[PDB]
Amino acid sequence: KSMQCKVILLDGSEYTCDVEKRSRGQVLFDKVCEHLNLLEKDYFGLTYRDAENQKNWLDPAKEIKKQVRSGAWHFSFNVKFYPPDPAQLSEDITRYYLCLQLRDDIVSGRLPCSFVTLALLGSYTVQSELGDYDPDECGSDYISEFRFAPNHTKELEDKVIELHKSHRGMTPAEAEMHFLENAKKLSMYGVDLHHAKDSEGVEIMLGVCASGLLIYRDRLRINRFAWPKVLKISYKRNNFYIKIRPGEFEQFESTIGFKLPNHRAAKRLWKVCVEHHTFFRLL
């Protein structure tokens, strides 16, 4: 009567459970959040890979079986909605899971940042995980197992140690809050990037986030539409559309369109925009 599910958690461990063959995604998500003692679960979600090898969010309202065709019900637990101000979350654990996601976002290269910031972020991770710097625990070797960046240098390793020394007395909660104050201001913080083409076939990326819909060309942010200004989000076939009122007095409506690689891509973008629009209105 049941299906085994496997979920990769943010610390790299794996959660296994069984659900009924006709369960909605909510059943599995609730089990995972329970396992994690996670109360502020609306910021999080589960992703799977479809038959094209594309990442998709599992829709909690729909049967798992309609979404994951394969019986390989294998998911990843991730941050879905990155809070714009993590200090306003109710629980330290929520912030801890957010930090685990952000460390991965940094190490994988998905959240770029400056050497200076990488080193400061690292130093908070180290203070959180290891506590106070101490010569009798802290040899030259003591952080060779942390990854602080996509590419590791010794100049980075040395600056992390220097900044760690300065944090003496900081509790893990304070260290995590500083980590998050710094991360939340990074330009790509919480931005879900999608390949698309504009009206003149030029290759761009569209980024979905709490602030709005962002447009990049050549690693350069060239536009931004805040969600309150976005009046309609729709798709048709391989195309995604937003409706706005341009101009100083908003006297007319304009629909801007983007070409994605296929209907599935346009539908995924559309869904992730609509969910973000909704979430960050109600927040």
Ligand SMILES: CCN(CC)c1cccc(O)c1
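Whichever C-alpha set is largest while still superposing within 1.5 Å between the two forms counts as the rigid core. Positions refer to the first chain, counted from 1. What changes on going to the form deposited with 3-(diethylamino)phenol (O0Y) bound:
Among the candidates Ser114, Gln88, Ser140, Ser199, displacement between the two forms reaches 2 angstroms at the C-alpha for one position only, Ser140 (superposition on the rigid core). Once you line up the core between the two forms, the Cα of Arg219 ends up 2 Å or more from where it was.
With the core superposed, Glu250 shows a C-alpha displacement of at least 2 Å between the two forms.
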Second form
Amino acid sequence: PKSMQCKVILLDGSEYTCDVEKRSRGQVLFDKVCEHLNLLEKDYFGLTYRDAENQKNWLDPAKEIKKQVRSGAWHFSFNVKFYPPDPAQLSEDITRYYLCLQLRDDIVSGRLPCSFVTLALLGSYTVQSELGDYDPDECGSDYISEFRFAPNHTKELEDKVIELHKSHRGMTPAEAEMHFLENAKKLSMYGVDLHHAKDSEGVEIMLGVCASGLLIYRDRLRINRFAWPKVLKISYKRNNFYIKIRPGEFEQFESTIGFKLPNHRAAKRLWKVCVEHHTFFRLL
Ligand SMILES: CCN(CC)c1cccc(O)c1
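Follow the form solved without 3-(diethylamino)phenol (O0Y) with the form deposited with 3-(diethylamino)phenol (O0Y) bound, if you could.
Every component of the complex follows; first up is the chain already shown.
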């Protein structure tokens, strides 16, 4: 029975290494990672890998690892797949902790845009959870934390994190992570997976997939929302992606909306994440 070495980047940036049989389905590796992380609420999380295009793909837990990574290294990242709309309803604090770690990376990476004050408030709750009560002995008029908080760090932002941290005296880690999530969950791009596309007229847009539905970002003025209830069917063909959109109240026919993706693989990637999110929605 031949075994392949797996390397997994965890959300704290640490690296987990293990072996699985070469014919293993993704679930086998994911179970080993989740046991390492003492994670029980596993269904919100998944593993990603990079293809030769350095594009992120979800490892399908139901499919053979070898049939997915194909030519690539057995190198993966542990990520949030389904962002809970209401993280207070997760059963375990450790689930909320890994969700906070994922959101901290979504923020630093710029996937999750954030106002100055929200960057400072989230940062202040992270510092509270990890260091406890503000300590002046660990501070100065110049102080620059180790913590990454934003895609573009400024002294103004560092100062504001310290001001807010002083206010959290006595707050426990689970409490500070809950306040972190109460703020993060309200951000317009929370849990939104963005896909580059063109509309039917060749105009570049972004397609956003999230718990609530599919978002179109044409411009800051033109923004379509298709709540999952309105979506009957999601399909791809060649480089094309289509959604079948419910007749309006008293209308006779469904409508189909068509999009151009960068290639067949990018169309397939978007369709799979849409199907998986639509299922998640009907379980809420
Ligand atoms: C079990 C997999 N399924 C996929 C959408 C899922 C994922 C997260 C929560 C949940 O209640 C269900």
